[PDB]
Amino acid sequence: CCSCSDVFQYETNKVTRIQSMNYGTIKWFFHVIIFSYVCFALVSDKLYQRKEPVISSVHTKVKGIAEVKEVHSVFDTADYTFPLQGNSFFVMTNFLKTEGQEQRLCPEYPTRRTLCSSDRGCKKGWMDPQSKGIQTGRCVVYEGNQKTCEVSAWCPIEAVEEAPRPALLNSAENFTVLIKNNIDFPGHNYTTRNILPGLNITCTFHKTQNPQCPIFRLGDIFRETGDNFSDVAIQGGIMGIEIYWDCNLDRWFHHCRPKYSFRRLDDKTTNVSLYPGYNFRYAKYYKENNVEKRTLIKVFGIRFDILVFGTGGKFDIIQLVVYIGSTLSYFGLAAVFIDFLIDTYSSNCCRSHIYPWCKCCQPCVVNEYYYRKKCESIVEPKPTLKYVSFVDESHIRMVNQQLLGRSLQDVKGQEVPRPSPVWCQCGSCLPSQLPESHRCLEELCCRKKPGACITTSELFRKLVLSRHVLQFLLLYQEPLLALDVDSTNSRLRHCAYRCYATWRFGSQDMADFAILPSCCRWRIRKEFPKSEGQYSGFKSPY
């Protein structure tokens, strides 16, 4: 069935170009706003570029010294900064040291959960998360008359003490951090650093004056987020330095520079905050007197997490070509909307109810014309599909229901606008010669109500029964037909059926399923007799 002809064939939809100005306004508005929006998305979001995330690597150095008044001591970088290499770094701003701790037995600190009245109160080997040593069955005196359960631990047990305010290293707001950041785009093959040639180191980052100096003062970091460093220093906190690398690697429009933002990554430290701060414990272990002692320090400080994010984009053909396709179909949505306004405003319900009431959508009656000139109604050509027309009526009843042993005259069907026997009402219908219930189909009168027949009209005589016009139509199809055979009379009879069907039913597909009235059918059979045998019924082409 296939051929080079079937291969080389193009399908294009039949369209009807409506000249409606209103529809033109709507269509152009939709297309313009979709184009204006999608063109923006392309320019603003750089959807024409292939984009790659940064591969960052941060190195931080804190400079500054603090005079701690605990005797006065001096704290350098090696004293307050802890070995956090990478994105985050820590700056201790407060501490509580319990020095000289040695592994031995000692009375517990008088916490409310450690007081005893006798040795019966304290258990042996008992441990709980708030306990700083394994309890012993004895309850020793701590000091004076205070009796606390004795434990084996690093002694003296560190006191339950509030964080010392003001912060011992509240000078930490004067410390500066240099942040060296290298980004790499491997797919785009572009490496760069936030430190540029000719960079003064005496600078300090300022949001406007010096936005590209990577030496940030900690106090300025805190005052750029509306935080109080003095309050945060006492108990600690978490702060965050965002570095945003928005880079386009096009040589025409090239810019790949960092943008520094600051954001507290912790709950605000208020007077009634719930479990605030950032503290941990670490110990310095030293051997003296041939015994190992430790200095236990509870460190409260600010942890600065450095969050380097960004993207580097370079122009790519493939990305633009896909985005194009996506934006190209959006324009089509305009048609769907208007096609709906055509289908909805074509319904008879619009004219029945809404038009007489609103009276504002009255000139929207042309949608019936548009729908008539756009959509065509076609019914499944099932065998049960039939059509019946009566003279007294102006509409054709589609008989879609298979006859339940009832005369087709009585059978009711769906109305369609046009493009003697008991059932007979004209007086000229003859009884059906068809057997079984097949006769039901042929039991059809020319009109529903009693009155004059249709075959009595001279139009039926000189149009359907006229041998001249039928013979002329036969010659038209076959210019050399043999007219002396009884098959000529049979073809004459077939044409009379098809002309009554087309004369009465305007459409050809509607006349394909025509069933003629008994009066007209038998008048035709008399005018064009077959004596070979029984006449055949209506037979559906499908």
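So that the term is clear: the rigid core is the largest set of C-alpha atoms that superpose within 1.5 Å between two forms. Positions refer to the first chain, counted from 1. First, how it differs from the form deposited in another entry.
Only one candidate in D343, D184, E292, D410 has its Cα displaced by 2 Å or more between these two forms after core superposition: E292. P214 shows a C-alpha shift below 2 Å between these two forms [criterion: core-superposed Cα displacement of 2 Å]. When the rigid core is held fixed, the Cα atom of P363 travels less than 2 angstroms between these two forms. For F472, a C-alpha deviation below 2 angstroms is recorded between these two forms after rigid-core alignment.
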Second form
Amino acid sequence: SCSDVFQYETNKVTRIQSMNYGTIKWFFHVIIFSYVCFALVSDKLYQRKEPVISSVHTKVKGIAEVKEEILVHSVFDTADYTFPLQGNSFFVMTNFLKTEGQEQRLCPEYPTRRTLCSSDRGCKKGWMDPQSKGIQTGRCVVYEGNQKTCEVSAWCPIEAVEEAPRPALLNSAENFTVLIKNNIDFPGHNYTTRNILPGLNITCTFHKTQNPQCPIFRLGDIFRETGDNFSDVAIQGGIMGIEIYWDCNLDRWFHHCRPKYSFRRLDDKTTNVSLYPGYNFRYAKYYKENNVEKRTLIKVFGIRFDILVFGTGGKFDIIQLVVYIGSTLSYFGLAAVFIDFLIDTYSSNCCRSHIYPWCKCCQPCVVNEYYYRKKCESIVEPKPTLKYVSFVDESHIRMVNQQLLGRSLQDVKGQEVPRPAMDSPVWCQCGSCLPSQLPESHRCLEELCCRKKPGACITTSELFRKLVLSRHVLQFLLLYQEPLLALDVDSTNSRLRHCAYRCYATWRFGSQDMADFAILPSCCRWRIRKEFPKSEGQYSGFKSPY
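Condition change, the form deposited in one PDB entry to the form deposited in another entry:
There are no partners or other molecules in what follows, just the one chain.
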């Protein structure tokens, strides 16, 4: 109903005045809160992070004097050593080999072990070797004098097999400068900045400590940073990485979006010719001379500079913070988990029978028995088979959640439970019990005696006659609930019989949890039925409430 909707259940708690557990709780809480705040700040988990969208524009500056045997000196400019390719990459030629006046004809292949032939049997027509730039014609030919090489259809004259020039022809390229303009955007955050800000000094060169924001880089300085030697790499070439990292906080109070520049060689420093070490490409200049298409083939060596731009932009997001806080909230209940585990363990008797005698430092932790007693109440499943049995000659109570397979309940011994400390037949050991008058199937239930060993019956006790058999007590108990009650003698006697069973069960078992499922001894049962007999019929006996 409506009145049941507007309810609030609060947990019943026990507040413990303990230095140890209070200190533990607050230590746990402070550590957890400090780590939670530290993780939040360090990893900026309150921030939504957006990857950087980058655009790079490079401007390489520098001229080189190049000396080639012919000896002639020439000046190379950007139009000569730079091949406009990309923005996130630029290439600087550092060396070259020139093959001039090539033509599509038949020519003697350059002398090599795979090529040098003695007769036409050492060459197959149409053979396309992976190591040739030509297709075999089948016949050997004189490359020069004694040398006999396999003729091949290709661009001719064939390239000479020669290593790259040493020293590199554009070794002066380490003195070249590149200006890098990097525009970045965070479209989700709608933020864009660039690496060159107004007022930045433009006549500087980058230095990681002196000028770490000058976007002008000397290539030799890049190689020094990486520990690589420009002169060596210039010969055969390579690939260098210019990393631009953007750790950008777009919170206006803590705003910072500047690049960090780092350098990384990207080509393997290998000498395995099978792997094509360095960085080179064959680039052909075409020109029409003598009404024929010609080719100046240049094997271009150089260094490709890859501009690697990466990073994130963070701005405060409520949802991210909420998610993080919710992911951290359950950690504050671990103090309770730990302390409750301590209360549950140290309440165990084992911790005192064996441990404390050995480790006498832990004895003061016996207070957890009191804490557990005040904290936890143990209850059993109220099953129809549940029965509780008390013997006056025993200090404990037996729980029998076990079917009686025709066995006397006196002989069925179940697990012991402690009594709440509020403060003729063969199975009879008191000589005051009578056989059960129930159906034989259910007769074993009442085959129980007040005592496990021979002795005096509990019926002979004073308190049995004052508590259980006193008409005044039972009448008072009945009137307390029904003050004006008036019943026939038989109905009243039945009520007093029930109240007497109740009184015995409460007296010997205590809690109604046990007294509800208690079983009266035959002696007490039949004494009560003698004090309050029914006019007619037979007694139903124990009927479990569930």
